[PDB]
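Number of protein chains: 2
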Amino acid sequence: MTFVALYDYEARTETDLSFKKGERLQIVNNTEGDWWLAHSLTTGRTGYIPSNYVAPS
Amino acid sequence: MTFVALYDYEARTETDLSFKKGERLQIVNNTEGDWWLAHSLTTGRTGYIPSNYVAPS
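As you go down the protein sequences, you meet chains P and C in turn. The first sequence begins at 1 in this note's numbering and counts up one residue at a time. The second sequence begins at 1 in this note's numbering and counts up one residue at a time.
Just so you know, these hints were derived from the structure itself, not from any lab. There are no misleading hints in this set.
Straight-line Cα separation of at most 25 Å, DMTMM-like style, residue types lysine to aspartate or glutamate; simulated pairs:
#1 C/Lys20 x P/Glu14
#2 C/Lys20 x P/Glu32
#3 P/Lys20 x P/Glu10
#4 P/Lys20 x P/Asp34
#5 P/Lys20 x C/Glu14
#6 P/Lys20 x C/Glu32
#7 C/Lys21 x P/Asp34
#8 P/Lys20 x P/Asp8
#9 P/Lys21 x C/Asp34
#10 C/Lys20 x C/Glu10
#11 C/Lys20 x P/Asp34
#12 C/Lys21 x C/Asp8
#13 P/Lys21 x C/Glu32
#14 P/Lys21 x P/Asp8
#15 P/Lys20 x C/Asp34
#16 C/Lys21 x P/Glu32
#17 P/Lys21 x P/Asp34
#18 C/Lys20 x C/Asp8
Between the sequences and the hints, there should be enough to build the whole structure, so can you do that?
As structure tokens, this is what we get:
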């Protein structure tokens with residue numbers, strides 16, 4: 001439900017959350033699901049994807 | 001190990017992967033862990049976070 005930040009994190013893009021160690025965070029359940037870093041075997045490109053958009057082969 | 005894309009996804013930032021339905025994708029295990037959308041109860045801000053940076057309260 002509620003989590004606690006173990007480390008400072010500085011946002012690298014417009015969509016990540018910056019937070020300091022000690023902060024209390026709540027996960028937003030949503031349609032996209034967890035995001036994973038993925039490599040496309042089809043295109044060779046790489047980056048984060050919304051996990052609910054994919055399924056095991 | 002290997003996943004298949006169920007839908008087209010267009011990248012919304014510089015770090016997400018665009019992919020078409022049908023593509024074969026491989027997950028990159030890494031230090032950050034899964035990314036989740038989180039709301040900070042401390043600051044009120046909201047955005048994605050690397051899950052390995054936090055722990056249950």
